[PDB]
Amino acid sequence: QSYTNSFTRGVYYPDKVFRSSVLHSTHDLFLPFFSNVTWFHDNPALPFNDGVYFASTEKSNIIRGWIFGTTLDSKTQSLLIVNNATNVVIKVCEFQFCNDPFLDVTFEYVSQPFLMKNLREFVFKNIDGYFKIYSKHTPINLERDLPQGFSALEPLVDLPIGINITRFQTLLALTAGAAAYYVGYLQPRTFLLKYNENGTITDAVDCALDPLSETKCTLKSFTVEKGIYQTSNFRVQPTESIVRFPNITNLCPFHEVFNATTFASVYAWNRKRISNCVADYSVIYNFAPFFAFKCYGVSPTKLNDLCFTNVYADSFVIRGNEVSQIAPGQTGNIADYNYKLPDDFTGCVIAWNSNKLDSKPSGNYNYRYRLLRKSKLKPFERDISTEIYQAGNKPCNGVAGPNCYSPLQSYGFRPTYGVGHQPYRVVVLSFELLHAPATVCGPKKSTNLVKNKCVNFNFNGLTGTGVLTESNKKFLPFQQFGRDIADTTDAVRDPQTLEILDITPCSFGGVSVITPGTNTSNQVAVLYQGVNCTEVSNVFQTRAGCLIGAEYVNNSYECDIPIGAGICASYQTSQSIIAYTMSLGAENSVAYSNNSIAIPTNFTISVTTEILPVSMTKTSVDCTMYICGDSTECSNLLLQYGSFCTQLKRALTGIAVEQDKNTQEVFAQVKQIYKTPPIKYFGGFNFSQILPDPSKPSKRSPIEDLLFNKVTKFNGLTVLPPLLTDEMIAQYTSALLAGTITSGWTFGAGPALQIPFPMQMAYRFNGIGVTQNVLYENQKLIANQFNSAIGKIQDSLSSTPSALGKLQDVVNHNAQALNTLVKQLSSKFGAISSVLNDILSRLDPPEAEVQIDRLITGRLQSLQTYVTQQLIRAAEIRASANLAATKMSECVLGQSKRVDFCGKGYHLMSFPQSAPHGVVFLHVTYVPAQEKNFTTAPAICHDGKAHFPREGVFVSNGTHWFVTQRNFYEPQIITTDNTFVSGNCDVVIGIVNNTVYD
Amino acid sequence: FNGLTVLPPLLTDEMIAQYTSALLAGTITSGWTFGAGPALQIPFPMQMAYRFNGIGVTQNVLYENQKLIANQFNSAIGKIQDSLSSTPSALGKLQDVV
Amino acid sequence: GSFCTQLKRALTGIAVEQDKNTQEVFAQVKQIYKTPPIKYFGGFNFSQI
Amino acid sequence: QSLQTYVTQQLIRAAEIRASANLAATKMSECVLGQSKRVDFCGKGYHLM
Amino acid sequence: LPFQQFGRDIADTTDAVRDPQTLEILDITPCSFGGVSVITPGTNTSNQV
Ligand SMILES: *[C@@H]1O[C@H](CO)[C@@H](O)[C@H](O)[C@H]1NC(C)=O
Ligand SMILES: *[C@@H]1O[C@H](CO)[C@@H](O)[C@H](O)[C@H]1NC(C)=O
Ligand SMILES: *[C@@H]1O[C@H](CO)[C@@H](O)[C@H](O)[C@H]1NC(C)=O
Ligand SMILES: *[C@@H]1O[C@H](CO)[C@@H](O)[C@H](O)[C@H]1NC(C)=O
Ligand SMILES: *[C@@H]1O[C@H](CO)[C@@H](O)[C@H](O)[C@H]1NC(C)=O
Ligand SMILES: *[C@@H]1O[C@H](CO)[C@@H](O)[C@H](O)[C@H]1NC(C)=O
Ligand SMILES: *[C@@H]1O[C@H](CO)[C@@H](O)[C@H](O)[C@H]1NC(C)=O
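Sequences listed follow chains A, B, C, D and E, in order.
Those letters in the first sequence? Residues 26 to 66, 80 to 143, 167 to 177, 187 to 244, 259 to 620, 640 to 676, 689 to 827, 854 to 1139, by the authors' numbering.
Following the authors' numbering, the numbering of the second sequence begins with 855 at its first residue and continues without gaps.
Following the authors' numbering, the numbering of the third sequence begins with 757 at its first residue and continues without gaps.
Following the authors' numbering, the numbering of the fourth sequence begins with 1002 at its first residue and continues without gaps.
Following the authors' numbering, the numbering of the fifth sequence begins with 560 at its first residue and continues without gaps.
Just so you know, the hints here were simulated from the structure itself, not pulled from any lab data.
Where is the CB? At the ideal position from N, CA and C, for every residue including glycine.
Incorrect hints may appear among the rest.
Said to hold, decoys possible - Taking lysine-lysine pairs in the DSS-like style, the calculated list, with each CA pair at most 25 Å apart, reads: (1) D:1028 / A:378; (2) B:947 / D:1045; (3) B:921 / C:764; (4) C:776 / A:310; (5) A:1038 / A:304; (6) B:947 / D:1028; (7) A:1038 / C:786; (8) C:764 / A:969; (9) B:921 / D:1045; (10) B:933 / C:795; (11) A:1045 / C:776; (12) B:921 / B:933; (13) C:776 / D:1028; (14) C:786 / A:310; (15) C:795 / A:947.
To be verified - For each label pair, taking beta carbons as the anchor points, the in silico distance ranges come out as: (16) B:921 / D:1013: 45 to 55 Å; (17) A:982 / E:606: 45 to 55 Å; (18) A:756 / B:868: 47 to 57 Å.
So that you can see chain A by itself, here it is in the shape it has in the complex:
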């Protein structure tokens, strides 16, 4: 018993197509990675299944070929392969195998032999009438098991034989056969194959192996970034099936049509009509064994499957040999003169002997049959008229005798009679079908009720799937079902016992795979959304669902991978993924008091980045070329639909013009083009990182170059270039920066008025509530902080790609849409093929019209979806562009007092920079720092008069009282110059006695 781990082996090329540096997903028979593979070493029949993976490292070549015959004998066609040193000879011809088929050494294919530490990997498959053989021969290092690595199996040969291949046998050529070959069986699987630039498969991923593999298949990438990914759906399958029809009660009078003790005669056969009853044939089959039971219309079992409105029963007694006359198309006295079945009769003829009951020794002359009639009877007719038969050409004159005989003559039945004249009871059943409601059927069956389990149910003709529980609801007596607000069945009354059973849909929910980056680890956790942990490593139940593979930790961290209602997962470090309640932030209690204030004593100049999309890719679609290509028939058919193509073209043109308007609105704020002076000294402020670099031909700033480096045909689809090139947007950005540096905010509101940069920044400090002396006294420190922040901006942008995640997203979305729009060209949409020329060539025009119509409808719906999605995205981008224009006007051409609009902090000035399809704003902000606690008083009482500060707040260091501005601790002596009286001393609450000088 040798069994080995298959590893990642057995991946072949699905088709003849070449692909380069692409990842392709195929649904095809394959060997699942890490699977159950049998290592073999008298020789029973191995099942071929759908396919076989045969891996032989047999250097001795005891294995010469294979026997794929389904019988291994001369009964059927046996596929026989010989792989000698000369050549491979695939033979199919009829061979008389000897008693021991072994050599000392119709349909034939001779080729170069398959054989050459060789790993002979072979894949044998048989689909759509073709037998496919794939081969691979690779050197292996010293090992007695399958090597670790990846090898692709090139196709070797195809055979058009297409016969049934159930069993395969390894051909024996010598008896102890010890051969070291692995055999595995292929399965229908979905795989993802990575082709290199050389055209070969370097690696593969099996979708249904593990959750990480499923998410790799879903994203079509071998590297999965950190996040939570919705992969599949989870449904609980029905374990059992239940059928419930009402109590079989009432029943067809079958016990009366038989066991009647008298069948009258056959000249006037008793006609019995039966309808509206429960059909049960148990008594019919339980009666005496039948001499003749022939059914002409339906099988006896399937009689119960077929429902008949009208059932006709005809009962009579005839002799033994006259039974053969009661059959369709029979000629004979009884058949033509007593009871004639139709040629296309559909019914059962049941006959059983009645000699034991209806035979009398004296002679039972009651039963009679007719032996003289004027003509043959029409089918299904009863003639009871008995007058003197007129055989003679003379008138009978109502009497009998000469040439005038009685029409009827009786059987004389006596028990001593032999078989062939004994009385036989025949009951002919006739079934009629007519176009009206039926309501007559056979024993409707029923199964035991199953509760609290996902079951299929068919309750009184109502079908469904679900979990059946007891219901508190009380139905009215005549009701059967219960239906909720959405018109879905929620309760059912059981027919057999009147019980109200509630129906609950079986558990279903999404499956999400919480993974760190594939670089960080291969461990994953799985979240079943909305599923109780009972219904599905470490199992944890959360409001989102059931989380398997992550351990709950009491401590709280900042959220990393969102899951649900306050639960986030992270890879913190056996130790693995942990789930926790997310921490909103550090708790800080501000020391509030009646007379305590906190005044900052220093500042920080902080530069932040805000990335805003401005424009999206401009696309134009040629409706005729996309839908139809070069086919004239398709164009003629499209003309009937209307002017849809014109509407789509109008919408796309509108989007394109809107994109141009967006870029103009954001960047064309200034009409003049301003140039910075050649002598670039601005009071210690270094704008080199934002100003253009003359050295490189692009004339872009270092930050702009970094942004462009980071972010950075078909079928009627065209990408129209933007009206403004990147160089023109660079010129606009340079003009805005030069105007801001040289003229402050004056260039936005009129003519540019030059002002030294320190003076401009001092006026911005006045704008944020800080005096000029703060800037002029701390000019070098402010300059150094600004320089350090601008330096750090480059590193912050470069190191973290996610900072530019907005703009890139736009690009990706556009590409994705286009790819979908092209991919749906290959979709069939219910037609024969995606290729219009193939449909036109294979099918006649009248039949091809429907296929082309389906393709046109599908492709036109695809175009409409694309245009609507583009319109929604254009609305979003227009909103972003309007926000960017407002920020350019209010943050770059001016100083804004709006909080959090221009950066985080007290806004000083904003610098624009251009990025592919967007704008990056560098906001410079004043952040207070190093705060100190002081005692404060609303007013100072001097000379019985209150005193309030003109600007600032009254503060105390503990013994002395000063007046200082809010945002910077600059204590000043309280003087009448910085105070105003405004009232007496009694009214104000919290007033402090103190001295005010003059």
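Starting from the structure of chain A, add chains B, C, D and E with the ligands where the hints point.
Frame of chain A, contents of chains B, C, D and E with the ligands only:
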């Protein structure tokens, strides 16, 4: 439930209430200083005086009329609850969304 | 075709957008502030808020 | 077609809610985290808080 | 590769085909197509385009 599922929001109602409590505490204890940087202690009457200066009214108006302003604010806050309760259409936007 | 994937992506984008909406509106404060235990704010009454 | 109609309508409603959420974020930053001089942005009258 | 006959791109469109007579690799580019735009001043001004 025919394949339609409702995903829970990431932030629970308790967590949003906790953000709202943080915002209110910051506004009451620190004025607008907590938005632009570290939160700085300031007595609430001083904050209202600075807000009066912002709207163009001197500090003496607040300090001299502090009880009146406090009573007016308290009465308005008291009336807000009754006004919301009386007219359901006040919350008609959110309901409509749902 | 791949209509199911497009619809699923659209709904997922909507969901993430809703979470980001709530984050943007409410998560502006970096730290969680607590009001002092003694609630006297110069006669102002914040008990209802 | 029914599902695509639902997704498109829900995307439009998501755009409307996103506009409302951006307005709410702006109002939180400008009215709650500061004093706004913008007329009628934060209530009717001269905005205090 | 010796067994491969067609070539497909990332969009599942044919980009290379092997010549059945002689084994040579032939690249297929789509035949030139584009849109046509007419730049005109107002017909009230002039008729040149
Ligand atoms: C081996 O097979 C080839 C294939 O037809 C055949 O020509 C040759 O005669 C065979 N040789 C032996 C060993 O019989
Ligand atoms: C695959 O491509 C690489 C390209 O660098 C080349 O070095 C290598 O030889 C190729 N392998 C082949 C042709 O088998
Ligand atoms: C059907 O027969 C069962 C046998 O126990 C009985 O309990 C039930 O009441 C019957 N159905 C009706 C509708 O009476
Ligand atoms: C899961 O099932 C248990 C069984 O008692 C129940 O208590 C619990 O409430 C269920 N979970 C949910 C989310 O309803
Ligand atoms: C308070 O400030 C004065 C300056 O006016 C200084 O002389 C004194 O030492 C300081 N002491 C305290 C109480 O902090
Ligand atoms: C301030 O001076 C006045 C003058 O009489 C006095 O009545 C008052 O008590 C002083 N302030 C305090 C807080 O004692
Ligand atoms: C005012 O505050 C008191 C406690 O200080 C409280 O009981 C009362 O309800 C408040 N009134 C309001 C908010 O109208």
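Against the structure, the hints come out as follows:
no. : hint                       : verdict
1   : D:1028 / A:378             : violated, 90 Å
2   : B:947 / D:1045             : holds, 20 Å
3   : B:921 / C:764              : violated, 59 Å
4   : C:776 / A:310              : holds, 18 Å
5   : A:1038 / A:304             : violated, 48 Å
6   : B:947 / D:1028             : holds, 17 Å
7   : A:1038 / C:786             : holds, 21 Å
8   : C:764 / A:969              : holds, 21 Å
9   : B:921 / D:1045             : holds, 23 Å
10  : B:933 / C:795              : holds, 21 Å
11  : A:1045 / C:776             : holds, 19 Å
12  : B:921 / B:933              : holds, 18 Å
13  : C:776 / D:1028             : holds, 17 Å
14  : C:786 / A:310              : holds, 24 Å
15  : C:795 / A:947              : violated, 44 Å
16  : B:921 / D:1013: 45 to 55 Å : holds, 52 Å
17  : A:982 / E:606: 45 to 55 Å  : holds, 47 Å
18  : A:756 / B:868: 47 to 57 Å  : holds, 55 Å
Violated hints, listed in ascending order, are 1, 3, 5 and 15; each of the other numbered hints is respected by the structure.
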